[PDB]
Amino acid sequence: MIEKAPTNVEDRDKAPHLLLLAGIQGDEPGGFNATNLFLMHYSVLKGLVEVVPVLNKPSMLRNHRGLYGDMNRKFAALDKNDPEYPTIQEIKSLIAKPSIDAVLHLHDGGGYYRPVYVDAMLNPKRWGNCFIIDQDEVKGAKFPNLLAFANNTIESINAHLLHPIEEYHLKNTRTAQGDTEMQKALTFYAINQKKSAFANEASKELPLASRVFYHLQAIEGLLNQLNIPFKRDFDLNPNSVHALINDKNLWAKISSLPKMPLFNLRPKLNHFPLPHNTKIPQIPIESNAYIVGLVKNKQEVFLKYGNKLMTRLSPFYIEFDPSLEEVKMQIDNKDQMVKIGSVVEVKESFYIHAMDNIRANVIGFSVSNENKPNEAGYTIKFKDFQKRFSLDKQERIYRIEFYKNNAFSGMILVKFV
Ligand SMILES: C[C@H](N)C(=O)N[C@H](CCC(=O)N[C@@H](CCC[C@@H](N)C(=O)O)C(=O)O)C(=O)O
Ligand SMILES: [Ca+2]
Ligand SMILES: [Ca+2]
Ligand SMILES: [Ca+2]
């Protein structure tokens, strides 16, 4: 859970609290890209929005609806030995917190829901582009009138339709009256804790940016109904959404390695250092996004951003010796200390000063066929690189790797600008 909170802690209790959740199915990227963009680009000014951006991360990482079965059928009877049992308790505990008032659960769904059969794509069996309640009223909730809240949220979404076919409709599953499937799902659990609970569906027929657009419309519609004041730092249209999903400023930091751009990496990165004796899911990974991770696939390690494959790492596993903190380098004739794990911009040249006990391999530069070379003490320019060794498709970013005996002492990236 990630908090989107006012800067003044005192403002937390001055408006309602919403719990915003997506990615209970790992192949529904509208939902988890929307929670991602919300965390990255919105501000909550009073009250609080608690976000679990992706409920089923292992499944997201494999582009899979649910590796351990349908997580959204696990909110009623559940075997204590179910692999998702701990996850389910975390979620139910967030839902049932006295400080939470409302719950919004995002999904992507096939076709377009219509309450009357129109055709195979538009009918009551379909799920796309609807706003869903389990029943019209939840007595004892802070906001008991789910129906009114839903109708007003649908109004807000329908003020912004990209095409008429995308019109939102109310879907009331009347769950307690015999819907045994929905009785096992998240929002029904929430209403049983006297929370006002809603699900939004964006149609799988839509491109990702349009799915995310509609989820964000639903989030804003509901925040307005709750009177949780918010801002965002962008204009809400599909182009703007696309730009932010595919943002060149997105990065990932694996272990103590430098920040790497998410987009426009080469599809495969060879001889990539990873800490030994460390299970893949336990390798630290930081990002300015909230849906990034690593997953093992055969012998490779995939860098994932939602369902997008950003690169395939071909690792070599090695001790990460943390002793080397900085390296003396010259950049465009300007001498300076460079922290291990830095990215440095270069216009013309660089040079690494020799070090006792430390060997430098500039990846893409060579002066011999030594398999374990020392390339400190060379003045290096762009023309000196074999461009295929670049980290990026643009052939501008190069790895410098440092070794102390048989241990890995760190990496610095140079970016030619
Ligand atoms: C074809 C394949 N079985 C498939 O992906 N079906 C989906 C089925 C649609 C689907 O999952 N809705 C959700 C609705 C849940 C709403 C609400 N109670 C909640 O807890 O948020 C579900 O039932 O968990 C499709 O048609 O979009
Ligand atoms: Ca932003
Ligand atoms: Ca779903
Ligand atoms: Ca080299």
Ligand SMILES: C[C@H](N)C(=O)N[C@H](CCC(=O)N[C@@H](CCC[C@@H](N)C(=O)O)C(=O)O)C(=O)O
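Here, rigid core means the biggest group of C-alpha atoms that superpose within 1.5 Å across both forms. Only residues modelled in both forms are compared. Residue numbers count along the first chain shown, from 1. Compared with the form deposited without this ligand:
- No residue in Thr180, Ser93, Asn333, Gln336 other than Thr180 shows a CA shift of 2 angstroms or more between these two forms after fitting the rigid core.
- Taking residues common to both forms and aligning the rigid core, Cα displacements of 2 Å or more over three or more consecutive positions between these two forms occur only in 179-182.
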The other form holds:
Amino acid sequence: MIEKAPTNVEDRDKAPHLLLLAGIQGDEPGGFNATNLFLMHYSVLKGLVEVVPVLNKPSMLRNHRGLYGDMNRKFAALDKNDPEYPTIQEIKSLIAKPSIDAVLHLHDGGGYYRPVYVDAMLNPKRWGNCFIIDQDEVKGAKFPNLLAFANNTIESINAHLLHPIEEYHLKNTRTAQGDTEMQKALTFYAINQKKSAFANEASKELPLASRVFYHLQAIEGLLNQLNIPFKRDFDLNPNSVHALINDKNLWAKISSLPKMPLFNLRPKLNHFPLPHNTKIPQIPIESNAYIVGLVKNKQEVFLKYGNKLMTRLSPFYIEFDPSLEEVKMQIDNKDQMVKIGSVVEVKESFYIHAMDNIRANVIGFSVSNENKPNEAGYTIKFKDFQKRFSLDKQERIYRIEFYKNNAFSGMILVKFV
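Next up, the form deposited without this ligand in place of the form deposited with this ligand bound?
Nothing else is written out below except the one chain.
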């Protein structure tokens, strides 16, 4: 859970609290890209929005509806030994917190829901583009009138339709009156804790940016009903959403390595240093996005951003010796100390000063066929690189790797600008 909170802690109790969740199915990227963009680009000014951007991260990493079965059928009866049991308890505890008032759960769904049968794509059994409640009223909730809230949220969404077929409709699943097998989902659990709970479906028939657009419209519609004041730093239209999903300023930082751009990496990065003795899901990974991760695939390690494959790492596992903190480098004739893990911009040249006990391998530069070269003490320019070794498709970013005996001492990237 990540908090979207006012800057003044005192403002947290001055409006309602919403819990916003997505990605309970790992192949529903509209939901988890919406929670991502909300975390990255919105501000909450009073009250609080608690966000679990992806409920089923292992499944997301494999572009899969649910590696351990349908996680959204696990909120009622559940075997204590179910692999998702611990996760389910964490989620139920968030839902049932006294400080939470409302719950919004995002999904992507086939076709377009209609309350009367129109055709195979548009009918009451389809799920796309509807706003869903379990029943019209939850007695004892802060906001018991789920129907009024839903109808008003639907008004907001429907003021912004991209095409008439995308019109949102209310779906009331009357869950408590239905079969036992229909009562196993997240929002029904939530209403049983006297929370107002809603699900938003965006149609799987839409491109990703349009799915995310509709999720964001539903989030904004509901925040307006709850009187949780907010801002965003962009205009909400599909082009603008697309631009932010596909933002060139997105980065990932693996372990103690430098930040790397997410987009336009080469599709495969070879001899890529990773810490040894560390299970892939335990390798530290930081990003300015909230849906980035690593996952093993055969002997490769995939860098995932939601369902998007950003690169395939071909790793070599090695001890990450943390002793080396900085390196004396000359950049465009200007001598300086460069921190291990940095990205440095180079207009013309660089030069690494020689070090006792440390060997530098500039990846893409060579002066011999030596397998473990020391390339400190060379003045290096763009023309000296075999471009195929660049980190990026643009052939501008190169790795410098440092070694102390048989251990890895760190990496610095150079970016030719």
